[PDB]
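Student: Given next are the chains, with one letter for each unit.
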Amino acid sequence: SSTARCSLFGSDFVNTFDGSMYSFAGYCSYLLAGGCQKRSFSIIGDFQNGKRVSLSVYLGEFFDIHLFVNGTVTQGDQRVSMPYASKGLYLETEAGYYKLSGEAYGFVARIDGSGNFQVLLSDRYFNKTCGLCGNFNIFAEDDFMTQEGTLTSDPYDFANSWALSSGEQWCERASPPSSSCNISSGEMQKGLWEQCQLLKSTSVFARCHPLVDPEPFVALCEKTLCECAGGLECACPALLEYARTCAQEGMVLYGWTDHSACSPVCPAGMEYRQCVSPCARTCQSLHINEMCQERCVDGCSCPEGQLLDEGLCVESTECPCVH
Amino acid sequence: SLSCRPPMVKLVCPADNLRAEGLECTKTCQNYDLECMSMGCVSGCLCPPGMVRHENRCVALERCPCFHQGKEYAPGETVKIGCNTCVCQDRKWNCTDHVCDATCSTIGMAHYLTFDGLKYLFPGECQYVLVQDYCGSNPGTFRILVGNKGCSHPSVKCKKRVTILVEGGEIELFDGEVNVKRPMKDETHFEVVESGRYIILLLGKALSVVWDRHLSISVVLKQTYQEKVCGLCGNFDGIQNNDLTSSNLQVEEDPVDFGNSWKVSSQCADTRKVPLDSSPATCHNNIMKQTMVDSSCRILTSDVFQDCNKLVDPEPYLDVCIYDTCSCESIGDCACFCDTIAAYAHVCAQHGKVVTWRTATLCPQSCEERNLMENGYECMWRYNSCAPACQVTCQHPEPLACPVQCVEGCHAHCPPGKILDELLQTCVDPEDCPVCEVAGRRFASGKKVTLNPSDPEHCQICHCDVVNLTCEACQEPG
Amino acid sequence: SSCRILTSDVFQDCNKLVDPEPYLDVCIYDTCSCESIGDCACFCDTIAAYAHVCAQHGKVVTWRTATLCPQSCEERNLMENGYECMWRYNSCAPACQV
Amino acid sequence: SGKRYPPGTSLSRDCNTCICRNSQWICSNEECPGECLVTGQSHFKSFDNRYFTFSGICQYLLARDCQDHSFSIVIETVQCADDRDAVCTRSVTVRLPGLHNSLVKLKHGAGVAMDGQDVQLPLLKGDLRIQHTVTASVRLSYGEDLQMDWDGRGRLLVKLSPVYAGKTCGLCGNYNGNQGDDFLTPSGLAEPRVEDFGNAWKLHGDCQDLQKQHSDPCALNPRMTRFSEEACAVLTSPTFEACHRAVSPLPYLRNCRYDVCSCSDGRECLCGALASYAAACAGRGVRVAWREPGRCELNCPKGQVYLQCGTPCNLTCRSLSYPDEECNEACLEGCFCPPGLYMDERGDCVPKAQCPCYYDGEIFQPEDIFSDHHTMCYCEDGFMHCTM
Ligand SMILES: *[C@@H]1O[C@H](CO)[C@@H](O)[C@H](O)[C@H]1NC(C)=O
Ligand SMILES: *[C@@H]1O[C@H](CO)[C@@H](O)[C@H](O)[C@H]1NC(C)=O
Ligand SMILES: *[C@@H]1O[C@H](CO)[C@@H](O)[C@H](O)[C@H]1NC(C)=O
Ligand SMILES: *[C@@H]1O[C@H](CO)[C@@H](O)[C@H](O)[C@H]1NC(C)=O
Ligand SMILES: *[C@@H]1O[C@H](CO)[C@@H](O)[C@H](O)[C@H]1NC(C)=O
Ligand SMILES: *[C@@H]1O[C@H](CO)[C@@H](O)[C@H](O)[C@H]1NC(C)=O
Ligand SMILES: [Ca+2]
Ligand SMILES: [Ca+2]
Ligand SMILES: [Ca+2]
Ligand SMILES: [Ca+2]
Ligand SMILES: [Ca+2]
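Protein chains in written order, with the entry's author numbering: chain B, 30 to 352; chain C, 764 to 1241; chain D, 1058 to 1155; chain A, 353 to 740.
The following block holds chain B by itself, in its conformation from the complex:
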């Protein structure tokens, strides 16, 4: 292992470092991860109204980046271009999806096109980082230790303990959303129960069970298949997480999106591969090899030829020059 993983997938949902999900429709900034005795950094996430906007990394006291789906990254308040590499924080784009690496400080963040925060974190902070993605321990039941340090039964007030406010805006205790699903039940539970079920039935998902358990994943979906009207695609967010969670454990899965009738969004020219190398051989590139022994990562990428040049796929013949 030697690593970790958190994920804030879909709408309001969370996945800690230890197999513990819940929902949270926040209202302001909240601390994702970071030390508890002493903080060399702090990954932070801003919610506008339940729905998420920005990932932020405050590197102690002096430096700040505020990336988001908007992609218009900024440093403090001055909007900078992209990519960007100050203070040991390469701010890159991998597989058409945005990345923030802090390997000196022991973390790698990223976002996808839809907006799904992810946080990879070393084994150095085992029993350290206490926050909204919980501690990096082995257990999964005890990873609600509040900013006081208090094992709580509620996955909701916990996330509200780890709030952090600014002068631009002070924020309060958000409220749980009053579910309109409770009255508009109808047929929506009888026909659409299958898309949550196919995590368990289909063979392509029928082999991570000795590594993980889909029982929470199917539990968290059935409450979100009810607000969206007329669509099977409402299941693939909770499903899409289950793919990566098994991938991180050392056991990858293949081609599952072929029949799932849901592919994650990407810009033109590319669609969702699975296990593409991060070192995408592009156009204006030096032909060097056997340095990129990095692990294999998911994300959308170009066709077989059709090399990359400035955020699009273009045929190898039309490689430009530069001056």
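Careful, some of the hints might be misleading.
What the hints assert, rightly or not - In silico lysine-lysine, DSSO-like type, Cα no more than 30 Å apart, as pairs: (1) C:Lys834 with B:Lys157; (2) C:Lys923 with C:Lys1026; (3) C:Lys843 with A:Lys355.
Unchecked claim - FRET-style restraints, in silico, Cβ to Cβ: (4) A:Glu582 with B:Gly79: 29 to 37 Å; (5) C:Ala778 with A:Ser454: 52 to 60 Å; (6) D:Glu1137 with C:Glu818: 43 to 51 Å; (7) C:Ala778 with A:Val640: 51 to 59 Å; (8) B:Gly79 with A:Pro645: 45 to 53 Å; (9) C:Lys920 with A:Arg647: 38 to 46 Å; (10) C:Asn1048 with A:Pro645: 56 to 64 Å; (11) C:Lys920 with A:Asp558: 44 to 52 Å; (12) C:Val1067 with A:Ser616: 31 to 39 Å; (13) C:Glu818 with B:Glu323: 37 to 45 Å; (14) B:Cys350 with C:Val1067: 38 to 46 Å; (15) A:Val546 with C:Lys1211: 49 to 57 Å.
Hints in this document: simulated from the structure, not taken from any laboratory. The C-beta atom is built at its ideal place from N, Cα and C for all residues, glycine as well.
The hints should help you fit chains C, D and A with the ligands onto chain B, whose structure is shown.
Tutor: Same frame as chain B, but now just chains C, D and A with the ligands:
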């Protein structure tokens, strides 16, 4: 339910007595002398009247410890704070009342530590009275001064000048060495010990001075005065808030106006009231650099200082570390940083806590240039962490009144039967010393002093320059 | 001024052979940017990069004193309770040895 | 203070007076009253003008008469926001062995409770008086040698006169002038580590003693690091130029940055720390006008108006009932209303036409003719006109 343990009893709120000081007022050792709140007791179990609770053990007697530094001390156990012992004779330590030797300092370029203990800020550029005795209604024995030049903004600049006026003398120092301009009458008490980094400098029974050859000025007084002085360091009374008693005999609040009263040249420049802010000139609006100095100033809270962090608060010595090196543009000499921690390390040593914090990537302080003149390389010199300051030499064979226990710096060490001389950089046997023993009695190595001024008839003088077994004749008055 | 050690009395032999005007412009470029606080190494390292090149042309130099980039060597003669002190910082000794 | 004065002048500190003669101010050495203070989160002040901090969570002693036992005060601390470095005051207890050996309790509102019983203000018993001050803050007054102040949101004060010189013991120190000894545990020795001093005055053994008092909780909340700079940078801005030469601002700045980063809502934590500085600037003589629509101007209700320096003697309607009583009060700051209007019980203030009477406690309406067999009495305009 639970039938509580034998040594203590279950108690019950009576319906009549509002004063049900039961379980809520759980007397432990901390709270016994203290007074406690109680609305009503609970369904708990509680030690008897003449007994208490102690870390889950109802300790029988009133012998429980007497906490200092959050640590246990059995009754009769002793501690050493300063120059005093103190023993918890019962539940309360009663300490002695031998007042200890106070100590000024000039931490960095522009700060001052008083006797009673009061860090304050004073960037000056004129010449200033560090301390004196001529204060109101007293004779005026000694008049230590200090003089700075280009030191309102700390930098590689700010060479100090120190002029000390005692016994009608004028000895002064700057640029590495000391200089006598007027020798004082009573040469007997005079003494100079160039041990290590420092210039230890006695002047009498109740006075001493130290100088790190670069900026630090740490005058040391004895029990004798006890409110006989004034100046920048204050009055030496024990009271700490009356160390801003200006020359016009009143307490101020803004120390920049304090020192302006104590300058000598009353027509030179009074310093300017700076707008206060946590960032000096360079660090102002340069938040990046501030955090590289902040972190690097947290050596004052590091694993090696953890013993001294308990005794001596580093929050004073920290604020100076961040104040100087912001202003100071350290380029070739990182001395406006390296000197502030040694000013903390020395104070840690005076409390008996040696520290070795100085490595090769961090303020190295070699000592190898001295083991150079001799073609043979005996190399007896060493940067010893904290070695004694008052040792024996060919120039000063006797044991001296020793105001400072140990000091950092480069120190000689060769095998025994060889005693140091400073002129010949190597150590040497005892007999090679220019020592003097005339008519038997043991004394110094031929001091240049005229003994016996009291009695004319008994004027039996015996000088000794280096070794001479000589005795001069006294000129008669008649 | 402090970068004019590259034109000082001790370098006068090497100033004739190796132009210091290149190595000078770096001395002023780095230490402006560099906020030397505790380690003055972004200054002390640029002159050694000039001193070494002076040595390769056969011109040893001893420019390193106690107020200026000291480079002690005393921590090594420490493990042994006896202090033989056989280690020394000196000018320029054979880079190669057995 | 960097300005000249002619000879023969007599400037007066709060403590005493001093006179210029031959370039030498002569001065008296007569004692003057001390002031222990609690405020903000956990920021203390000793009687000897020391400052420090101790974020312990238990029932601690604050002050006590220690050669005899005329009184004893007990603070109670709790965590007060999400952070661990935020420990505000909830309630303080007072105890008077000279009267019933009673037990007063100031509560987290502006309320008080004697022996469990809630009480309407005022509370004239024999010695101790308890009354509102601005109708937003309680003020105990036992004898003439003791005062207090509100413990609702935690700004406890005291006032001890020099009759208690050096004969008290607690967190607030000896009241002996000496600023250094104040870290003297009850076991009779000066401790250097504050984390040993505060936990030496706790009252319950079950309470956890702490091990480290942190100084920069802005690390655990990096978002507030910027705001804590510009916010309390006005403390040194020349708005407070008038009382840099009255009291040292550097701690009142140091205690801001520990509060604004630590507490749940930094808005009022800011504007309850600035007032901590102005209140001490005014205690020496300098008033400051530091209120703005941005810098936390309080919202006096529509009946009242904001006011800087005013007279809380001719405000309440109880004053006209007992006009003979002395009001040796200062020129205070708060919410008053114009002189033609006097304060009613129900939040509005009214002219003296419908200002009731408080005869024998009894709140009589503006026209209530009133008599037993032998007396004859009536309430005219606030005063109770009795005859016989
Ligand atoms: C999003 O990006 C656009 C284009 O740069 C910009 O105009 C807009 O203000 C940004 N909004 C946010 C939420 O930052
Ligand atoms: C984790 O840290 C806690 C708190 O310091 C400690 O009590 C516990 O033993 C640690 N556990 C492991 C597995 O290191
Ligand atoms: C301390 O108290 C003990 C016991 O009463 C007594 O014997 C001793 O003389 C006292 N020492 C001092 C320094 O007061
Ligand atoms: C040098 O320091 C060492 C280690 O503290 C000590 O053992 C030794 O006695 C010292 N020697 C001298 C000559 O001071
Ligand atoms: C000792 O003093 C005598 C004077 O009495 C002088 O002649 C002689 O040279 C001196 N000897 C030495 C070794 O200084
Ligand atoms: C310095 O090193 C040189 C070259 O090895 C040698 O010739 C010389 O003797 C050394 N000098 C000293 C003082 O060690
Ligand atoms: Ca966990
Ligand atoms: Ca004093
Ligand atoms: Ca000792
Ligand atoms: Ca050669
Ligand atoms: Ca005291």
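Student: Evaluate each hint against the coordinates.
Tutor: Here is how each hint holds up against the structure:
With a C-alpha separation of about 28 Å, the suggested pair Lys834 (chain C) and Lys157 (chain B) falls inside the 30 Å cut-off, and the hint holds. Between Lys923 (chain C) and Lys1026 (chain C) the alpha-carbon distance is near 15 Å, which keeps this suggested pair within the 30 Å criterion. As the CA atoms of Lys843 (chain C) and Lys355 (chain A) are separated by approximately 46 Å, the hinted pair breaks the 30 Å bound. At roughly 31 Å, the beta-carbon separation of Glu582 (chain A) and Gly79 (chain B) lies within the given 29 to 37 Å, and the hint holds.
Look at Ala778 (chain C) against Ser454 (chain A): about 20 Å separates their beta carbons, and that is not inside 52 to 60 Å. The hint said 43 to 51 Å for the Cβ distance between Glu1137 (chain D) and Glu818 (chain C), and at roughly 46 Å that hint holds. The given range of 51 to 59 Å is respected by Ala778 (chain C) and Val640 (chain A), whose C-beta atoms sit roughly 56 Å from each other. The hinted window of 45 to 53 Å between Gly79 (chain B) and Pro645 (chain A) is violated, with their beta carbons roughly 32 Å apart.
The hint said 38 to 46 Å for the Cβ distance between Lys920 (chain C) and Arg647 (chain A), and at roughly 41 Å that hint holds. Between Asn1048 (chain C) and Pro645 (chain A) the Cβ separation comes to about 28 Å, which falls outside the hinted range of 56 to 64 Å. The supplied range of 44 to 52 Å is broken by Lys920 (chain C) and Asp558 (chain A), whose beta-carbon atoms lie about 59 Å from each other. The hinted window of 31 to 39 Å between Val1067 (chain C) and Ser616 (chain A) holds, with their beta carbons roughly 38 Å apart.
A C-beta distance of roughly 54 Å is found between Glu818 (chain C) and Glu323 (chain B), which places it outside the suggested range of 37 to 45 Å. About 57 Å separates the C-beta atoms of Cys350 (chain B) and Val1067 (chain C), a value inconsistent with the hinted range of 38 to 46 Å. Take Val546 (chain A) and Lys1211 (chain C): their Cβ atoms lie about 53 Å apart, and the range 49 to 57 Å holds.
The structure is inconsistent with the numbered hints 3, 5, 8, 10, 11, 13 and 14, although it conforms to all the rest.
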